[PDB]
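Student: Read off the chains here:
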Amino acid sequence: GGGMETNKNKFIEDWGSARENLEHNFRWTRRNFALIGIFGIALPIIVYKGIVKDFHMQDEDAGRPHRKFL
Amino acid sequence: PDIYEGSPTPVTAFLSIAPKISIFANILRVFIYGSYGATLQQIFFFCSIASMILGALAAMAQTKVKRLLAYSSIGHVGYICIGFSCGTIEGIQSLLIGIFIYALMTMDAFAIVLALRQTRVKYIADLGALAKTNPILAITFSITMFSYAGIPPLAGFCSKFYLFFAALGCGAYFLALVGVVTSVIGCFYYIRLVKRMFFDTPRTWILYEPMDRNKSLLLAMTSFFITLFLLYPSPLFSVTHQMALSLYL
Amino acid sequence: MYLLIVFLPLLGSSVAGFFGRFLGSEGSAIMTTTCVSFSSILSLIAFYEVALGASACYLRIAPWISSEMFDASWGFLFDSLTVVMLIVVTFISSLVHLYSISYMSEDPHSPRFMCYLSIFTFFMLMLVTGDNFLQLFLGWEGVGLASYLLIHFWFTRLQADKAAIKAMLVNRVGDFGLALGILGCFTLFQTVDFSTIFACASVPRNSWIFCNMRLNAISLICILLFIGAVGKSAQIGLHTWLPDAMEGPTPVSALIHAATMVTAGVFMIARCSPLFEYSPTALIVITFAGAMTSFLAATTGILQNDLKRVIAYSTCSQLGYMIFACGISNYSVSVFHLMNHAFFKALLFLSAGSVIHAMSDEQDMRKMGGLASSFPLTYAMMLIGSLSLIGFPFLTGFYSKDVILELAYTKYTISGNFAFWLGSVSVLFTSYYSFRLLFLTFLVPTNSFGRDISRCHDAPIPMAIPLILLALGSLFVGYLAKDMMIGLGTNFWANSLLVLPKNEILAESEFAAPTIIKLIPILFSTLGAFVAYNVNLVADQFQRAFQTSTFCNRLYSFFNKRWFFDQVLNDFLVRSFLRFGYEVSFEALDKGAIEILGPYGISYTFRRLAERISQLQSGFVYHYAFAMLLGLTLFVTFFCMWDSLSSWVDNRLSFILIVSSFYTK
Amino acid sequence: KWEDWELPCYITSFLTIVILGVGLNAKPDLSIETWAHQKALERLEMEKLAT
Amino acid sequence: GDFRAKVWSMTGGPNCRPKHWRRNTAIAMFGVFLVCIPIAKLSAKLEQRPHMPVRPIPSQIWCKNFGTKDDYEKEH
Amino acid sequence: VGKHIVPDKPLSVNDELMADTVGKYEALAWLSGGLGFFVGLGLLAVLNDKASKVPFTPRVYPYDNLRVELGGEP
Amino acid sequence: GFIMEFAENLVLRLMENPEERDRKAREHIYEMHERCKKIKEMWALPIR
Amino acid sequence: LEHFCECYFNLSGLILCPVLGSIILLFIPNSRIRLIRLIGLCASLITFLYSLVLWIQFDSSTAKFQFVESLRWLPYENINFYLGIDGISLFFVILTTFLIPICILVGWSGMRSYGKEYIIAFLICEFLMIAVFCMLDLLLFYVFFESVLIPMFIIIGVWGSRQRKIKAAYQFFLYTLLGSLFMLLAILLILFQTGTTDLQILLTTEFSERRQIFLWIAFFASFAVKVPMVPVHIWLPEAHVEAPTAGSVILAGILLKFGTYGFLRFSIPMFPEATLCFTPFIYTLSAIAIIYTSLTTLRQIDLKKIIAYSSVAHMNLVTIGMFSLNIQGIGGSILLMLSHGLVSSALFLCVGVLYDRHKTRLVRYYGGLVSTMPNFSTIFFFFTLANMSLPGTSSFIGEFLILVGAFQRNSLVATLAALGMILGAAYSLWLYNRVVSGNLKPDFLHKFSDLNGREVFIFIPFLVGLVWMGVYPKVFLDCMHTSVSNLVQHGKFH
Amino acid sequence: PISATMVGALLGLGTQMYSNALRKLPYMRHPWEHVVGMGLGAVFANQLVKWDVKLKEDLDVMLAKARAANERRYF
Amino acid sequence: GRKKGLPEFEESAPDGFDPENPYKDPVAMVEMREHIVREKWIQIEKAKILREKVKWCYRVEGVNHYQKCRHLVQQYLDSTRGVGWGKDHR
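Note that the protein sequences, when read in sequence, are chains A, B, C, D, E, F, G, H, I and J. Using full-length UniProt numbering, read the first sequence as starting at 2 and increasing by one per residue. Using full-length UniProt numbering, read the second sequence as starting at 251 and increasing by one per residue. Using full-length UniProt numbering, read the third sequence as starting at 1 and increasing by one per residue. Using full-length UniProt numbering, read the fourth sequence as starting at 58 and increasing by one per residue. Using full-length UniProt numbering, read the fifth sequence as starting at 13 and increasing by one per residue. Just so you know, the sixth sequence maps onto residues 37 to 54, 70 to 125 in full-length UniProt numbering. Using full-length UniProt numbering, read the seventh sequence as starting at 2 and increasing by one per residue. Using full-length UniProt numbering, read the eighth sequence as starting at 2 and increasing by one per residue. Using full-length UniProt numbering, read the ninth sequence as starting at 2 and increasing by one per residue. Using full-length UniProt numbering, read the tenth sequence as starting at 2 and increasing by one per residue.
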């Protein structure tokens, strides 16, 4: 009846606040350890080596030695 | 910290500045001039590191303005003594520059504290909504806190700049790491006051009496110095170089 | 005059979109139809001057992206292939504009509909007329957009919004591959211009590094480009969007997802024939894709109950025929089937809409029947379109479908044999659902509701006029245009299409083939019509097999739910990525470990450290004196009594113990 | 009634088109592309007529 | 419906029936035709036809770029 | 349209995003079999070896198989 | 008289001179590279 | 050496304009709100026109720094600072001068409660941001970059909508300060070698590969926080969401550009050998950020969070382009940087339009808006398309050029980077449909107003700029290619 | 141009206004004090410039002596 | 002020550039870098002029482009190998 502001829903707002405060829920469980290990460590290392290997395969296509990277 | 809190506030303001000038003059003329060497400077190196770390942590733990200022002064003497530790001409010059800038900044801060002591300021939370009740005082005090934190181009950067200059000059990276971490901690507990004066919406406000002419004039001058020193820093640099040279010749 | 062809539909859409509040439903309908129809007439003139007069037109407006050798340009190319596609697009769009004038008369938002119709047309013109890969990409994406806007034109309907997003996401996967091929093209030839690339395509022989694999550069480019044709032409893998695109209005299905845009993948393979000709590996891949698609869409469409769904699966089957025709190096035949397809398929969708409009928006064939005498005009156009689609002799569909099946038999390769078997069996399957539709909709005893029957009416004039014009097309276009398009040794295409000498099979396909091979489609089509008559007019216990047998019931659902393709791809692919963005990248990493090993953990530890350091200042003077004394003792010990200690101590140990003291109690 | 922002904004908008519409079309073409194009034309001229 | 009558939109909203829609439609016709005139002139100026048609064609009336790119080893 | 449902129960996660009669892995097995039909058909095409029963000799084009006309050395 | 020709000159009057701009850039580098030695003597002066 | 300029319009006047505006606004009483508004808006608009004139006199044939003017610090002249721009920094000065008047116009209606502090904070931000982009010295670049932290902190904390702004402002300040502290160490290490901080001298000095690697790591520690790269990007969603609308515009449209600008101005040209060594490392971090943050964006439920997270993926694609080290990659990276500052700024303006009326950022409340705000829905759709890098929009030019430049170096990284075409389409259209399409929900929202005259005008230069770059990027690329070419060639002589 | 006198006068006037504002008084309360502050600021800025010049001379003499003492080492 | 006309640059490489130790004459080092950039842009325009020739030969000759433009395609493809800053170094 009055105003343009949204009529707040307690359940929808609770869903909103629980999303913003997710860091209080982290527990270091088995599932988290597998997820962080696979996608925080293993996958970036796989992408890193794939990119290096792509450069190196070019080097031996040009008759050049393998370029050094950090 | 205990004497700074418990003493009458003008005593705290006086003890914060003058004795340090005089004792550092003594330290220069005794040690830099006498000659035992390495051990003497290692003393001051280790004490500087301990001072920076402990001052930063303890200040981060404080809820009262006077204690926060005491711990900030402890941290800053750590930064200054890093200059005495290196034992070079630029070390002495930077020690003197750091002393001068810290003294002017402390005079600014205690002018504000004595101004707010007419309404009995005690806690950091008492400064809530000061940007509404006295916006120009909240700006002047925020400038002092950002200068204490070393944010360029305020005068406080000058001293911070040296810390890292000597750390990479005398070849000391653990000192550099301590400086980076403690600078970040100091920045946090200084900007907490700016947050209290500007971002908070307390239910109960404290209205403060306006300051007298003496403190307003001193505050205006020191605040102009703090914002504008890096535009014309030549006289201080020249005079401190003169003093560093005159220690030996 | 050539710029007026491309930009007239843009002008028509601009007036309806920006100024539709001044024209209303009637004004915006006239404005967009007139501009598109004028562009249609100029397109007929352009076909006469470029194809019949053998005079190509090249037009360059200005550069688009000029960065070193990168030279994307606002440039237009009008050759024989272009003016064929201009005719198909402008003519069908003009009819669909006329058809929509009365089909959407009762819709509240007709002016926005007509505006979207014309903007689609403009982008499709920009796709077929561009002279470089980047302008084609602009048309490629624009028709992806206009299709999205038209599928959810009823924005209040949630299934339309689900269908429009799916159409755009599936095509972005195709655009992903298409863009990669364009990147590969530039790296190899140092240009995106069509004429330069085709003139140089025969030379490169180098190998390339792609995803840590040594591959042939030309083959890599051609396969990446074909991924683009897989998305737009709904080929196996990226095809589940086409049936769901029926959520839009019927005119949208006729123009966009049956005649013009759905064939952009076929046009692009044909336009790039001078490049695709130098990758036999790509041609084999293309042969397998089309052949499988034709079977996948035919078997699925024999159990659909919705009119628009059946015709949508038929569209996906004919596209496979076009694609594997391109795969056997017959681009003139695939384009010939393209234009032929644009006539009877459009006639079938527009005729379906008239039945649906007549039957109060009923679309389920199980609630129709006994409508031949109630709607004579509509049934007649549907018979012509259907008989032409199935390849009845001497109709438009017969002169191209049969030649593709003949050429596939003549291809003496594994992929050619694969295509012949799968293309031939699909003819039986397409004849079944074509007649199954007719019998259920208009010939069986009525299965419908009375209130619908007592409110029937037949096509108004603006709806019937396009149907009669498309009937004439779906009866005579094929015969009239054969010798022009695929006449033996024809020069109609000039330099538009390229078939290398080693790949030419048309003569052998017409002379060296046994007579039985050319009669298999009619023999297969007859069997499908007879089977449809029996299942839908005689069998009465047939359905009981599925209502009692578990294997036969799952089999019914297997072909009804499209080989459970959407399901598998939703349960395994979409859900996997959706779950990853919350449980892994956000909860486990961003708001998990990164927070704990960052701001959240750092604040916690430093708060505890500050609390402990604060407790040192205990307020007891004795502690301050004790601290001073300890500092003195420490100084004396370390800086004077450290001469004989180095025998028993190390510097490493000392600092280790000081830090280790922090983890006490 | 025009709001207080309209006049300064519509004058800035007008001056923006005039400066960019005139200035960009009136500044000389000094791109490395235009200079090298002319330079490359003469070198291909100079190596063609001479052997 | 009820509230959509108070909502302004460029395309006119639902069931848009402007009273003077005929004079506005005819005014819109003229604008497109006036817009088309510079487009056609620029098109005719820009077209390139390297090949003479087998028979005379309508674009030989306004286009003067027929059989011009014969010297291709000179294009830059 | 009619009346949008306003929540009355605590909203759970995965609600921003929230195929009936056939199970998940059973659908994967049926689709796998369907794709296994194309695989077996393709293998049958290899086993057939239609390329080995071609009823004509490869086209030969004049002028050295149009070597010059195809971009070769003139 | 003509708008564009006036603007051609007007923009040309506003641009900096290329020869002087390059000259000053060259001198800046030359002088700083031969100047980079003076100050580093001061940081090396013995405190004692 | 007084390297003063002969041009009439120079960089010092442009730097002085918003400073004069702020000084004047210092002394105007808060009862004269009309005057405060007019003076602030006029100062910003004159700065925009001045920068346009700087564009007009730009010389696109030189690789030297243009409009170079010297500013003296000590009469000893040992330390003397230079200002100047090239094809890499000119358009960013223009973008700053253009975005500031937008920031003033957005808060026009609330100016009676914002006060002169709001305008002064933004005018002070303008002065520092213009200066940062015009610096030819490592030390002055450092000092001016940190100066913006003070007003940005103030802007976020004071005028943020809800008390999460406290945490947001803290995190922004602390992350940025940490990064700037690592840059300071490298500046002082460079100064120990060279005895100078003048950029032009540094571009002519040789570094050892060992110390090149180390100094590059020290520059990366600051720039990767600025960009931001994973895993130090988590400050961004909090700061960009809790800020006021104009604060979000400044944060995403200008401040984000400072890390990528620092990569182009210092790290890439000054340490060519280290840059080659760290190219697989940059490629990996950018590729991960593009894939991962795009998927996080998909699962966000706050309007401003979806737009904030999209900014991270766009900025990491920029880093792939600049580290491709060719004309297309670096040329495309600068164009995407400019395009992002227009597209994301316009998108933050659309969300702010919705928030000022209804005071909520949760997507669940909205929906059906096309039936009540068709004008906003059309403008929102256009910038939605531009965020998807639709061909014909400004963002497609930079995006494709970066992919071209990446493909010519490493086909794998160009392939992973091209996956953002699929992912970026998914979250942009899902956002648009859940807000605009569907049916209204009168139990949450029942009272509606479309855009007014001020909001439509605000959107006009964003539409014109996006179209102008999307169809004719040549006016920008022409003025850049000479500086881009010499940046690529820096450190090689063949 | 920008002389020391003008910078000092502006700084002194600003110092009087800042003082009045910190005390919640009108900016121009007691204008004769604004005149006095302008004069004092001008005098202070000019004297600072002169003092800086003198300081430089003294430093040069001191640095000359230090370098002579250091060069004595290599005799 | 600036005189009207196309920009003017020295045709020859700077004198004072030792390719053995490029970091010894910096003014020449910078001037060599600019000269190489300008030289590389000349070859870029060379391939683009050569590319316009291939384009119009294809358009003019049609089905006979393989024999009639054999020479132009070779010239263009040779000019594009090792051009600009692409996938070839020198």
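FYI, nobody ran anything at the bench for these hints, they're computed from the structure. Even for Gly, the Cβ is constructed at its ideal location relative to N, Cα and C. You may find that some hints are simply not true.
Claimed, not checked - If you only want the chain C side, here are some residues facing chain B, beta carbon under 10 Å, derived:
no., residue
1, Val621
2, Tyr622
3, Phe626
4, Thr637
As the list claims (entries may be wrong) - Listing some non-contacts, in silico: residues in chain C with all C-beta distances to chain F over 10 Å:
no., residue
5, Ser415
6, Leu469
7, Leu500
8, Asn570
Student: Broken hints, numbered, in rising order?
Tutor: Violated: hints 2, 3, 4, 5, 7, 8.
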